[PDB]
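Visitor: We have chain C already, so just place chains E, Z and F on it with the hints.
Protein chains: 4
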Amino acid sequence: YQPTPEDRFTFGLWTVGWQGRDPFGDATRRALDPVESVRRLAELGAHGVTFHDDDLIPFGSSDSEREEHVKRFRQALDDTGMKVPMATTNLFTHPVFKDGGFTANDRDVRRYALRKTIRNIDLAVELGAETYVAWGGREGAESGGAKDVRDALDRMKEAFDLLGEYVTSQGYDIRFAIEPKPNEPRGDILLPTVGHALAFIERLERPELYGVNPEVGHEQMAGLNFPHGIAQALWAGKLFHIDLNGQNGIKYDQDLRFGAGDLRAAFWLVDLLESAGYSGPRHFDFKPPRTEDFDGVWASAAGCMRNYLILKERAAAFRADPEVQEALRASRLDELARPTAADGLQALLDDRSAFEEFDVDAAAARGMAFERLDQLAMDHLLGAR
Amino acid sequence: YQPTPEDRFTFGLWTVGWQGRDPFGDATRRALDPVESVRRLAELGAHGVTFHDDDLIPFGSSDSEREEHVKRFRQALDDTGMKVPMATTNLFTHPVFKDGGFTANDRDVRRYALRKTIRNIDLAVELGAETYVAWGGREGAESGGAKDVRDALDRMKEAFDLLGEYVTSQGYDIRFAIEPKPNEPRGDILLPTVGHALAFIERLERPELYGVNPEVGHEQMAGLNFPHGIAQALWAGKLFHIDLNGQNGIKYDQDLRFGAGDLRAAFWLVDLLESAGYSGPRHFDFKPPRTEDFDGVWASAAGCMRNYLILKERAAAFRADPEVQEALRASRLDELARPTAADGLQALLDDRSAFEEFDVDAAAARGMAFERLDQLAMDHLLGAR
Amino acid sequence: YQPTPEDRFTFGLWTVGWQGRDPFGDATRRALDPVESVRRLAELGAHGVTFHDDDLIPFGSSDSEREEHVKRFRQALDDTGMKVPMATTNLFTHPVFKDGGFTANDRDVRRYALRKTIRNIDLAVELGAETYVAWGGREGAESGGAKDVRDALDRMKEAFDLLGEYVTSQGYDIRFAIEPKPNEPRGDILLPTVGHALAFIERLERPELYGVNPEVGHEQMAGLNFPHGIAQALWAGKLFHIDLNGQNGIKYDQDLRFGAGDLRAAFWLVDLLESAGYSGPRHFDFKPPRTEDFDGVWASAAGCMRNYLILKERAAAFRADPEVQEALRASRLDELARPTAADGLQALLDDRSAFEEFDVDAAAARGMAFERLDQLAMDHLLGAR
Amino acid sequence: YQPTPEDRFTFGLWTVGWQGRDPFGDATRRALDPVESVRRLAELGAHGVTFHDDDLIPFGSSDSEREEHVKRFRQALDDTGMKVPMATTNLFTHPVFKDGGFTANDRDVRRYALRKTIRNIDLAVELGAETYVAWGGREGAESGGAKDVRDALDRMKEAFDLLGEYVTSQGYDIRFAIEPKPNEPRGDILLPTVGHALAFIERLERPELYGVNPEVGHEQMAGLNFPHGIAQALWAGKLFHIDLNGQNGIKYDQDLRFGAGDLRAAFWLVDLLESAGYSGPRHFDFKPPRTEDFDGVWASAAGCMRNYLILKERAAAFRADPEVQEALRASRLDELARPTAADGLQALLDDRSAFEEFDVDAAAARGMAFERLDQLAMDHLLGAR
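For the protein sequence lines, the chains are C, E, Z and F, in the order given.
Per the authors' numbering, the first sequence runs over residues 3 to 387.
Per the authors' numbering, the second sequence runs over residues 3 to 387.
Per the authors' numbering, the third sequence runs over residues 3 to 387.
Per the authors' numbering, the fourth sequence runs over residues 3 to 387.
Since the hints were derived computationally from the structure, they do not count as laboratory data.
Check each hint, because a few of them may be wrong.
You can't tell identical chains apart in this list, so a pair holds if it fits in one copy or across any two.
Unchecked claim - Listed below are the simulated DMTMM-like cross-link pairs for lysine to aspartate or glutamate, each with C-alpha atoms no more than 20 Å apart in a straight line:
(1) 85 / 8
(2) 159 / 337
(3) 159 / 204
(4) 314 / 57
Same shape as in the complex, but just chain C:
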């Protein structure tokens, strides 16, 4: 189950680079030079890497220090053949963003947030990124009176419209993806789920430039079904990027390697992405646990890819199995894909078999056969067919 760059696996600099600082503890690992992570990831079979501005260029860097950090990074990409398909802005770490970036109560902070983002969009484009992600991790509140949410959504819309105006005025081929999260580090975060982010996009001036970048662990922190949220995103044509990791239920954001956490959810996610033909990066936004040394870091990253490729094999075996195809008909998945009333409203109204002469008890007695189908899916996942 060896990955190759064709599998389109990508990683954040901040993932394998996480030093292990948590709310209750100091760093357990030294900082990684981005050039070293690029080389180590390429050896593992990754396709590319992603970055926040502040991961690549230390906050406060002079223009000259900046050019030198970019130059070194670009040499590592050239040396390894690694791509940079996605970039993003850090609008959460510096104290200035303690009440948000785009929806900070302080107007000067909001204007600053926008300028910091625009600087990084120019960098992302230069590096070849196709998607620019926005995670508004500080947009939200711990208390009810601190944030009027209608006014905040006005400010959020204003920020994203200005960014769309900038990209279109520059003629850039880059699209935006909004990354929802329900809470942490704010007590509640605005646009908390895939659904909220999708609904919000429909009110922007140029909705076609924006999609979503959902994350496994994020939707699971609201106890939601991640494959169901991804199916809605695909149905809307808005899955621009996806972030893969593991999460054990509703608690703090664990960022476990992909495959860990809810293993059956990972299976159904892989089945969906592969059968819908999603062609974007498979990006891992995870943290090697702070229990690990560098060897455990690389083992953790390698495990992300391995688990995706194992699940891909099992899902493909499941859908290809004639016994499963027969079970899917037994469960009327074929009838779910047929229109309810392609004959139209009037014909439906006139159809006595739809109501007056519909035998509800006979219909009610038909079993759905879902448990046999689900055990076939279990047997395939476990290699017990």
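Guide: Relative to chain C, chains E, Z and F alone:
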């Protein structure tokens, strides 16, 4: 804190009428005649009542039995001055709906679901209802292979488009409101949150005819902030109706009386609805606990209204307090309501005070004063000012 | 992966017999005769069945009807070789138990609860049961003032002491197991977790007669790690029985078949039970989803056993793998099993290598190698070694 | 609602001293000198302060630096009249504790953990502390194979027994309190709830020296009822200390000021503590949100005390109200406090009114009147009587 019909408080027949059957227990109360609930509610100060088809007319009723149930009900409304502002369909109780109504795998069931709904829209209109609610409580799955969610959302869209075609062809003045719930009775329910429902509406043929009917306990079962979800719904112009009750966290749907559960969330919800000038019904979808006899039923219903009116007083006192108005400026709520960049993109790009000469440390050091503001809100809620 | 009666798999009458009534829906299946479930389970390879009094003998049965229900049941057990290793009382379904059985506020109800339980202990003993389970599903509250919890725990202790007095006075070889659940059907249930139940047992007059009967889905409804709770129960010598099913996170009690829900938790549970040599019944307290007809019922039951036997194979393969044994040493699982200070307190106090000359940075730098170990566990679970 | 030192309000150095570093963000406030927090707290009306070793004496301090930090601190206590009723060890921050302190897999780390704790027990005693708290925040695991929980509980028991041996050999008047938490910073933490900690104490060599120190937000992170857990702790005679804060449901540990989060739970907690006559410190383990400057820090701390005193008034008014005393009898709270069968087992067995002639339907029909009682409690909390 006495309600009057002007306060627009409404109740489901199925609320005070709940017999107390739960997953582990038999009914503890006899059935209520709908006419008796209408009279008892009117004495309490309610404005009106709502119904599922099957609450008013027993499933399977002949055409003549039907006319007689409607006649009696209409006489009680005339006798009391009670309105019927909202109605809905039961697409969840009968075994035929065990895999859904609009998104059942069986096509015949879906066609049946539509015809059952249309019959009840004609009734609702006759009774004067302005909103028709749809809660797809059986639309969903316990296992991954049982429901292809893209095909299900196609079927859901098809159902709602047909309903919009029917209403517009009949010239009815009625709008639809989708009621999201994340789980229960299905393991996961499609359109699980306010956000998912809003995003879905934007893909229907006539989005202007559809809004949301969120419920307190429903969003709280996903651990989400209910006032934040309602602010997004209002921002989108889609809050057509609202359902009020109480819920203690992420667990089964408790349907406690309004004010019970998360009391501070109830406060912030009332503050929002009143300050945004929401003019729709305040509907209570709750269950008097099965511990209660009929006297406890009416005490429970009366408590719903009482708690709304107490919270309304406290929220109004909060916003009117000059010391709070001063705290809100101290916290820059006024600056949140001002555009970030009404000067436009180019002026922002050229503004050195937004980046090159922005003093990030001085901005970072400004406290937000949110804790003093939140303690003023606590003191007002508790009458301790 | 074929079960045989030696695997000690057991099922509740009420499991395969569940008619599909939920809070929002009518039954989808006809009632099963207990004799038919005994025969169908035996054909599937089960070892035995369990029952509440009211599953076997309809509530209110005359003494003669009772003897006849027991006679028929006993003939089915004789015909099939099925055992009855556990029994329990229904103290939750009848309206009289709406505020509890042992901790009802009404003293007459509590006395009734005790007499109903004692009648069934005599039956259980006659049928050969070794464990008598108590699930206090109605012991709890929806509101704070309704139940003084200290007085309720006094009543709970009094009930269990009286039961221990009865069993010992009769010379019965039966032990009790308390089954904790955090909520549902009450808003909060007393003794909500394995830990609470264990702590409570230590205050009974004869603690040696009582243990716990934990359930997968129950602990997971509090977001707790089920294998960790079972390890504490085993550590205390109190795992008298166990109930196996599946649950997807914190929500209503789903009662999915075993292996469904959190699959990796099921793996770690099986690893623990098998390696600790638990010798009690593997009992399934699950519900075939109401989507299913009778064929789906039996497929669901068969899947419970199949998934246990697959997980047993994978866990045994994991622990037997020399590469895993080597990983476990790399992670110092061997050092965790050695006493910290068998040399004693004074020697520890005098040992300069434990503090004065302890090199904390060198210790801090050692990686734990947990991620390689966990990927070996994933590869074994998935058959990808 | 002005606190005075008689109200026994205490605060951790690390509470008002929290610099605002979170998983996603840098500090927003400068460090506080402990002497300054002592003075500022005393002006606010606090009774005392608590500390981890590392809050008072920077990790790695030489013996001389140590004596000087203690001297300064002791002068501030003398200058202000502040007490130190509780102390604790930091076994979570330094990287050496990344896999735990008492249950680290590495034996050398465990021995180190013990020696670090013992050094601080001598300090606590010198400073006059009556309770020594242990929060094993790093005792736990992110993956199943990393920690054998039976062996870990052996190591945990061994650590606590050695500490009890030390205290008794020194003749110290200090008792221990175990502080449970379900998760964070480990994926699952050992002894995750009040119940688990209570059950564990019963297996130590000298159980009388150990109790619990539960925290509001901790139990609520498992969705449990905090007042119910405290009632069980009181019932067992094990509530040695308590930590007060606020938490909005199941998510990361928010540490909001007391009264924030679940306000009705705070009310019922205060009612219990006051009516049970708990005489220990009311300690606040909270964090002023990182949005705040120093003025917001002190406002936040003051709000903790204010909210306790408001809730105390309302709970006392509730219990004193003749209309509530009458409601409590209507709901048979008086009958809950009477023994079920003080007449004994045989008399119960012979009592035909307990079964043979018990009218279950008449008993079933009695309403419990809980909703009227709960609305009286709401009216009292809100000052709307």
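Visitor: Which hints, by number, does the structure contradict?
Guide: 4
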